[PDB]
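Next up: just one chain, as structure tokens, the form deposited in one PDB entry.
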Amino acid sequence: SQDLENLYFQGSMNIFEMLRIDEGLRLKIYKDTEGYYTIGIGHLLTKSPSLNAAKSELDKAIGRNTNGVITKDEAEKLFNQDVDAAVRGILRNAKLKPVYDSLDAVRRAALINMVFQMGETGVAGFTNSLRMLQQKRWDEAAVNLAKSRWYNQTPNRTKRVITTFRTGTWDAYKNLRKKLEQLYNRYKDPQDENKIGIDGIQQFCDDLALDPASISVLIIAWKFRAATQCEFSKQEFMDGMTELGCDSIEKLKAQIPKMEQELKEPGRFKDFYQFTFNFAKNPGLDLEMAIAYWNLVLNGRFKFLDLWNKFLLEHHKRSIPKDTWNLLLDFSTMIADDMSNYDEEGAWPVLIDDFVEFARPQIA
């Protein structure tokens, strides 16, 4: 019924794939800018602050125990309900219905795209452009659309949607995809088409003029939501580049400072810092790998980083578990210069309790 097999008569390119590119696709529950649990393409799950509530809503919708993770197809099914609702709203809108009806399927998708971005009221203010679309005056419509604040706000997306109105083709999307594919092919593993391996990751850093071992590259992996350090999947590369709005190394190079500035927000750094643990280990974290990554991410934040290094080098080798990783940031953020405000009854890991004692000689 909601079976995507019901849509197999359509084109492979569709409004879903369009918005997957223009708005992005998350396959795991995340919080939106307003802090609400969301999944797929901007599908609100609940306003409830409870993640379990979010997951129950998702299971109701998907029809299985999702654990808050869905497939792309499932995301499309959620999205398809959203689209149907949006289209019904278009059809209720005196200002949009005529244009919508007049349009072919590809251009409807462009219109639906505009409604998703800016809402019916937003789209309905494009009175002239809409009229031109209605009149099949595509070039004029295209020109007029480009004069707008919309275009200024999101030029990459807007130019794609406008190209869609202008041509009635998916050419903007096919072109973007092709460009990323040709880019990707520069880095893909010769023996596994669907990932970038060690050599490709080097080449990628080389093209970015980055030390493979620098924090910038970790920050990029974080933005690309990469799963693990040893490889870089096609999906991660494509979703990353699309999400960051980059179709070139040139463009991605430019984004890196912007990712750094994002890390100035403590919540965002927390996300990054905790991401790092997951990314670093093999599917706890090897102490040597932990130290390496700690030296990268805590440099300049953790006032006791050098001591921490010394402490861990003298301390008998042991795996680092997630909560130990996680809490070190809390420590680092909390702790006074002389550690005088340390709470030995704050349930810190034993490693951090140990560290505080070990650090007393340097403190004094």
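Numbering follows the first chain given and starts at 1. Rigid core: the largest C-alpha set superposing within 1.5 Å between the two forms. First, how it differs from the form deposited in another entry.
- In a core superposition between these two forms, the Cα of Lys28 is the only one among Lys322, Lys303, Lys310, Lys28 shifting by 2 Å or more.
- After superposition on the rigid core, the Cα of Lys72 moves by 2 Å or more between these two forms.
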Second form
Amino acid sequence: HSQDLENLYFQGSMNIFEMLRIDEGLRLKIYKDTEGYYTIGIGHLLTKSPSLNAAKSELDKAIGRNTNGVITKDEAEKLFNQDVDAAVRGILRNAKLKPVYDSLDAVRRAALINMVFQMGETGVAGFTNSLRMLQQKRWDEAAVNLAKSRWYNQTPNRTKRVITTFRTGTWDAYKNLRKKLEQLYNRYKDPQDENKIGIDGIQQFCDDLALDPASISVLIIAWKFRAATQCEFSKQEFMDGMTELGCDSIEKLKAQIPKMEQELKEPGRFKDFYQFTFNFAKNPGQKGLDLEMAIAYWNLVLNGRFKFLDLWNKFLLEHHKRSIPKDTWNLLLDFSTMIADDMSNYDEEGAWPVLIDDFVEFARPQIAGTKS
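Alternate state requested, the form deposited in another entry (shown: the form deposited in one PDB entry):
Chain alone follows, minus partners and molecules.
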């Protein structure tokens, strides 16, 4: 087959795919990008359609099988290599980029392609002076001039690595990044399971970040790392998270925490965070969330946001053991958003969970007492 990766085995193991895996990140399941569009792999836009089935249909045509929205790393590289070919065709019909591209060695060509993926042909073509320095093999001067640009300020860690690639003509920046992340992961990994960071590693991680291990900030970090379950932190989660956050050090991650917290000021983002917490807290072997665990996480994430949280606690602590389903968890936030200060606007026909119907009835003695 034309796209077989065996046809690339004559190349080095380091390549443009592995470069953008480090600089942009790799997703093996369909997700929505910043614009809300279905994407997979390394930034491969599937469709602008709002239908996930439409996105899966396009993915099946491109991959050649019924993937149901999930692909392998090798499949993502085949998809990416097609995108690279198209990007190179565009570079070669661009009067401003073809001369420099033709002049560059293979490693520096990858660096230019990297730039084109990030900012497009028109963006890269604007670097007139730096492109001329590259075409004249004035590597150090090109590196200095590129560092003065807004590009550098937008994505400093990625831009530093691309500049180093232009400066040296080697993969050193990417070898060094990989080793930095591996050595940082090794500080936290479970000595009995190399594939995850265990309870002790998470504690050390929190200590290195100067965080109280019971603070909401830890859960916010888990959310940004898309962690699947509490008390575990997989190697893929750690690497994907550090990549997406643009951090190759604890110091850089520490500086990112306030930006994660600020993202929650948007109700849409807090909703995403709140709903994430359910799947994160639930035992993977269970379908629902144990009531005691639900209470613990509700108190963490809703304190100061849900005006009836204290009454909710009293209500639940008198109830029998139950498993909280995802729909009940999600609708509690909707209830908190709409409910009047005295619950006078509750709509009993609104198809709320029975748990919330019962709660409104239970809060009646308290509500009347405060009014008297």
